[PDB]
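Asker: These are the residues of each chain, in order.
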Amino acid sequence: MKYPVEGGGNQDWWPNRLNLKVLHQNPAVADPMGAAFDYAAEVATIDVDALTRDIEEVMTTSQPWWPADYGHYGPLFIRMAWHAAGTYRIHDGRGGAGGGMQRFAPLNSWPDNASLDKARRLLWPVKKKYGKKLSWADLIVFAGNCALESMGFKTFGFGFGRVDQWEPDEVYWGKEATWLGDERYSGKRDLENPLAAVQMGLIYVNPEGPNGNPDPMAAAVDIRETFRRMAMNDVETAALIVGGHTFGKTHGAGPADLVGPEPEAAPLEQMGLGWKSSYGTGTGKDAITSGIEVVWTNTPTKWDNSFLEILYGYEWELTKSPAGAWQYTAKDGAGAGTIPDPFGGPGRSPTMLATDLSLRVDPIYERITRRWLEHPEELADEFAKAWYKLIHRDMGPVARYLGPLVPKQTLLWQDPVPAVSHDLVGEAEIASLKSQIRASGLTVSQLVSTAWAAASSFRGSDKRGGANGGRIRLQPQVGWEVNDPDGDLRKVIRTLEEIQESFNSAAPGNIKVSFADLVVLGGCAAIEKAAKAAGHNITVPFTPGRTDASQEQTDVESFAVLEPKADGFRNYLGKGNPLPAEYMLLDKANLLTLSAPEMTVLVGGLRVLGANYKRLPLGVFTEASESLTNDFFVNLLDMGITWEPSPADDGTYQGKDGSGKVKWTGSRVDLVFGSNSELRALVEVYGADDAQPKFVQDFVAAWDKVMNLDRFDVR
Amino acid sequence: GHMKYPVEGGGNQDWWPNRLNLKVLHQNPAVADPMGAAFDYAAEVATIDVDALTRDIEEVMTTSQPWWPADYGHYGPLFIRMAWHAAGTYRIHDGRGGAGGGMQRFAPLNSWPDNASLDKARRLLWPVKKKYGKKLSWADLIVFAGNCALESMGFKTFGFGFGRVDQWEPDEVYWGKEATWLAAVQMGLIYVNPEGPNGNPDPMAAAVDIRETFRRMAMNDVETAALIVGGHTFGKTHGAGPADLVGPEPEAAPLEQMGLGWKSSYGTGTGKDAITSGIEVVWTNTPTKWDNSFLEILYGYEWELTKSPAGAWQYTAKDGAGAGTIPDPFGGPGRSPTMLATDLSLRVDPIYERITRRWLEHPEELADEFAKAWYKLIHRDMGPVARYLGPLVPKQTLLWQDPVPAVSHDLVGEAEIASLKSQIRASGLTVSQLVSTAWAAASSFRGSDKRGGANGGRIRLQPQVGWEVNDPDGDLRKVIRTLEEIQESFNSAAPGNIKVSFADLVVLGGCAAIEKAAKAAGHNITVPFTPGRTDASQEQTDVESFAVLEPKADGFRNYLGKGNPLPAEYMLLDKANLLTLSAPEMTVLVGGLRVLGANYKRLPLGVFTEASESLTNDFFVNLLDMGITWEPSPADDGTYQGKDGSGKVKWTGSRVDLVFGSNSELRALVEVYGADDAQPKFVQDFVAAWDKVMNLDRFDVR
Ligand code: HEM
Ligand code: HEM
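Same order as they appear, the protein sequences are chains B and A. Going by PDB author numbering, the first sequence opens with residue 26, and the numbers climb by one from there. Here the second sequence stands for residues 24 to 205, 221 to 740, numbered as in PDB author numbering.
Hints were generated in silico from the structure; no laboratory data involved. Treat the hints loosely; a few may be bogus.
[Claimed, not checked] Think about it this way: if two alpha-carbon atoms lie no more than 25 Å apart in a straight line, the pair counts; the simulated DSS-like pairs of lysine-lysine are:
hint	chain 1	residue 1	chain 2	residue 2
1	A	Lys158	B	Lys154
2	A	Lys688	B	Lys590
3	A	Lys613	A	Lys600
4	B	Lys686	A	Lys301
5	B	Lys27	A	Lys590
6	B	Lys157	A	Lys686
7	B	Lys488	B	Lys433
8	B	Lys301	A	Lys686
9	A	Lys27	B	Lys153
10	A	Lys688	A	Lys488
11	A	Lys158	B	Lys719
12	A	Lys153	B	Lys688
13	A	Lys537	A	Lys557
14	B	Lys730	B	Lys719
15	B	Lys200	B	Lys688
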């Protein structure tokens, strides 16, 4: 069967066809805020004291549709807050709280996101007051941060500026067709590269050990691997788990078969709420969220060093949750009736979750926690730093943090860049520098490839990398395989440093130029020289302001995830990619926040400009040496050429003319633009007889967009 | 192994396969357009040189290509088949299909079994498209190639009108639910199976399928017979070899083929060995010249079932009957006469037979009917005649175009509009009446074929005035009479030659009601108004052709008829897509029309405000209230009642009303206009959307 349009569509006949709809995600037509809504200018003016008062009033006020445990919705807001930021993953930077996707993405219905719909609904009275001055993404994490502040914990700081989105970001979470699927492992615990979760729908880890096996060692291994795949080491992981579970409790009062469907498969009358329980009242003393009934600490609404005292004070035999789940309880009934009830009444025995004994059984976590057992100040500092890192991972450079709560110091995981310490070049020194660069003896190909390598490391997901920082001469990026440290990127870098030294030593006044600015300027000078060679007199815009980071300010391991395993624009293909070359090219274009016409012009320009990996002729459908001409598209649509795969199986094709002599050679990413019906439509726009000026100006616009992707200090 | 990557089609539809897909509302965004935002195609094609354009197409047709050799040397019949396959997907019941957007070059259509060998046809035209570029769209070129092919082989066509704008992503259209390529349900074919119903070679049974499928695209018996007789006067059918040697369709073909599909491994694979459908029929002895030889052959011999070399039912002349009188595309022996299984329908069928026998002696009538039918075919979804461009548009108008009179007087502006608004408000008509009438006039528009709308003043004419959604035997006649009284009162006391038309008064009364409601709510605004509409008469309105425009479900008026295929939620998004509205525009329109009182039969279903006839955002603030517990009505009416904190029913709503508070994507938009200090934004957005809807069919001012 097939569904008309609003149920399904074209992906049914050909399930594995190239999907170009990912390149126009979040269109401005679907934005209800108009094309003049500058979120930064709005959120820069809110009153944080009033917002804190409103959030505290919401936390301390119980609501009939979701009775508050202990008369406080703080712990629920903390859980919501990190579950928003717990979907981040360093593989590609997707996920996290930077987009507020917890509302309508394919989560909002994940088994671990149970009872978080009520948490987001409880904050409507706050969002109602501030409207557009405060986004949902900002409010979700600020609610948890303010809950931590109100429950006695002094946090590091906070930064506003997470722009809302009005369309689910299509993120690959796994190949498992059913919830809690475990088809993402090979041999031992070897979680597949794209994913960062043990199962499907689980944020971090099943709270029963691997696949329901209540073994603290294996659970510890899973915790370590899962947190490692989200930029967290052992100390930060232990701090996060200890601090987070200091507050609140779990909800496993009744059997889980009485819980209704998820919000996305719920009746209309529920108003977008899901998991409606039929046990008892269904809320409050009879709430069911995960099936485990554990209260870790005897003061679950205050911050103190009581989680570790309880953890190391008992023996933790194994028992069963009243909903039928695995959990640990203090042996010999020690400390019975010492844990208070959420809604008044009898006490509880001390219970620990199956993954909470990992912190005292695994040797690494055991040493860390035993250190924190008698040194609560270290735990407080570590938790503050880890929480700050967790909330602001995918928010980008420090220039994007708004509001008055931003901390003053810099952290290495932010990829800090130094502030501008001189006066920027403008409109005359730029011309002189471009003249010097074009007279420096570097070819168009070298400059263009160096500029693209510097700038095409940006990810639109977590806004890491980019041309700012001048990090292409630093160790992680100067040695990448795609960058070819052998044949180039050393002559170019040395020449650019010589030019920078010569200019700075003689520039008037206190005007200097940074290395990154000079790299981008050389790229632009090469572009305009090639355009002049083609026959067009144009000027590539340049925005100075970049600064040079140092080696000590660059984390080599943190940058290892930005290395491209496949760069279709440079016609480079590494090893171990999950998909063919064209799909990887679309993924790269989506990461660069490009559209389809922009991708087309960038590919067609970089092909003829000589910015190919190893300067290979794969895709150079031109006879002009380094001229920004309209030749890639003209020769791609020519049917005087018959394409057929190379006799030596390489993933490369050769195009023979009418005389049978091989004229062109190409790859998957070169022929996909002439084969795909949606892409050939764009290629035919620039392949027309009168499209060379339009192609040149479009290429310059796309190039300037790519160079300025990471310029958040001027935008 | 399920749950593929989002880059290869993964997404939320894999988890919940029957959820509201809001991506149909942001379809074909401006960011995917390579031409930019300042591109005006109407100002580009108007400067084209048709004389130089026909000169290129002719030398393209008369120049064989090594990769697709030409049959008899001319590529004309192939272009005729392509042009009609482009326009042959039109559907009257929703307007989707046709050559309006040139979707034949995109994924759904370019890989249909009937569109075989048409990927080669669209590529032979690349040299023409290369010369002109943005001055000539693919959609315009595809049909102009067929028109110029008809002209080149001796047929004088009616005319041609440019103006089809290219779109850059395939249009999602429901072609049927079969999940297998190739009646109770419609298969993957264009009109009918060439071998008869379900492969049964009976021509009498194929006649009824032809009649039904052509009637479902606004063609009667005379136009159906003329189209088939004229189209099959040219060209031949390609069935030279078995069909198992044909490769995959273009969407499943490898990259070597550069977007071409159906690569044949039989013989050379092209030309003398071409395999497209597998029937191998040459209808006429002069397949590259227009003449009255199709009907002469059809009525000149007796026919007989045989099989094509590929294996397929076809008719050949009895006992020889002039073998070798039909030339083959590439020099060789002649062939005996041969007719398709659906071409005998025009002979053995009581209705078609009389028409074809009449044309057998009067070919001039056949030529005239074919010209008219072809012109109607390639211009079904152009819309109003004001959208035709180029120096080839015929002067005289046609009934199927929904003609309206030209403006024959001075237009009101900015001084009579103010006075007209002042007496519409003081005429006794309530805000609900005016708003409902204005919405009823302008909601008939559908953006697929650009039919209907406020222009023409057809809300008072026979088809629309009697629609169930329009007047539940109520105010519509009273509003129409009052507006006409105002019209004849204003026209007599006019300053000079300034006069106003009835449709203009309908839209202006809607705008005046909006202004009155906004002033009641506390905002002083002005709804933009662009005069220029005219009034059509009853004879210029075809009652039967307007019957398909009747809304079976209007989510904005909270009306649900009978015979809808999907629940009320999905039909609302379908109509919003037909009105070319985005999700915020749909949201503001739904939230504003409820409090204005535009509900069908003035029902309280979804009126979440206490003081009606006032343009507030009370719908959104009362939808997001969590003090209201929604639960289905005791009677299975499909309505829900939301009780207060006590056991008192505070509000009542329907599926369309409650889906905005339930769908997570739609609730995001509701929380924008439902927030505090968000009422001025809501008023401005509602006014912008209302003005956009009022001016949907105004192609005479663009
Ligand atoms: C940054 C790390 C973490 C933080 C900040 C955190 C915080 C919290 C808080 C405050 C609660 C109480 C919710 C409430 O009382 O409504 C909670 C519940 C819970 N946590 Fe975490 N936790 C973290 C890590 C983990 C990990 C690694 C697991 C592994 C299984 C886990 C599993 C659970 C479960 C199953 C619940 C029960 C929720 C319910 O039943 O309603 N958490 N968490
Ligand atoms: C019930 C109606 C029709 C049926 C079943 C039908 C079927 C067919 C089939 C099966 C072919 C063979 C194509 C191939 O094998 O390459 C064909 C060819 C053709 N058709 Fe139709 N057709 C119909 C109506 C029309 C109409 C309305 C037109 C034009 C207005 C038309 C114009 C043509 C032309 C010109 C060709 C020749 C193609 C060529 O020479 O390459 N046909 N038709």
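Asker: For every hint, state whether the structure bears it out.
Answerer: So, going through the hints one by one against the coordinates:
1. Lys158(A) x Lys154(B): Not satisfied, since the Cα-Cα distance of roughly 52 Å exceeds 25 Å.
2. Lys688(A) x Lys590(B): violated, 59 Å
3. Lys613(A) x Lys600(A): Roughly 16 Å between the alpha carbons, so the hint for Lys613(A) and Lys600(A) holds.
4. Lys686(B) x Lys301(A): holds, 23 Å
5. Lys27(B) x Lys590(A): Between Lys27(B) and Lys590(A) the Cα gap is close to 22 Å, so the pair holds against 25 Å.
6. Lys157(B) x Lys686(A): violated, 34 Å
7. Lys488(B) x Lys433(B): holds, 21 Å
8. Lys301(B) x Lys686(A): holds, 23 Å
9. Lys27(A) x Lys153(B): The hint is violated at about 38 Å.
10. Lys688(A) x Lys488(A): violated, 41 Å
11. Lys158(A) x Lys719(B): Judged against 25 Å, a Cα distance of about 14 Å means the pair holds.
12. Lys153(A) x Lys688(B): holds, 22 Å
13. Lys537(A) x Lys557(A): violated, 28 Å
14. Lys730(B) x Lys719(B): holds, 16 Å
15. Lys200(B) x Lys688(B): Given that 25 Å is the threshold and the Cα spacing comes to 42 Å, the pair is violated.
Of the numbered hints listed earlier, those contradicted by the structure are 1, 2, 6, 9, 10, 13 and 15.
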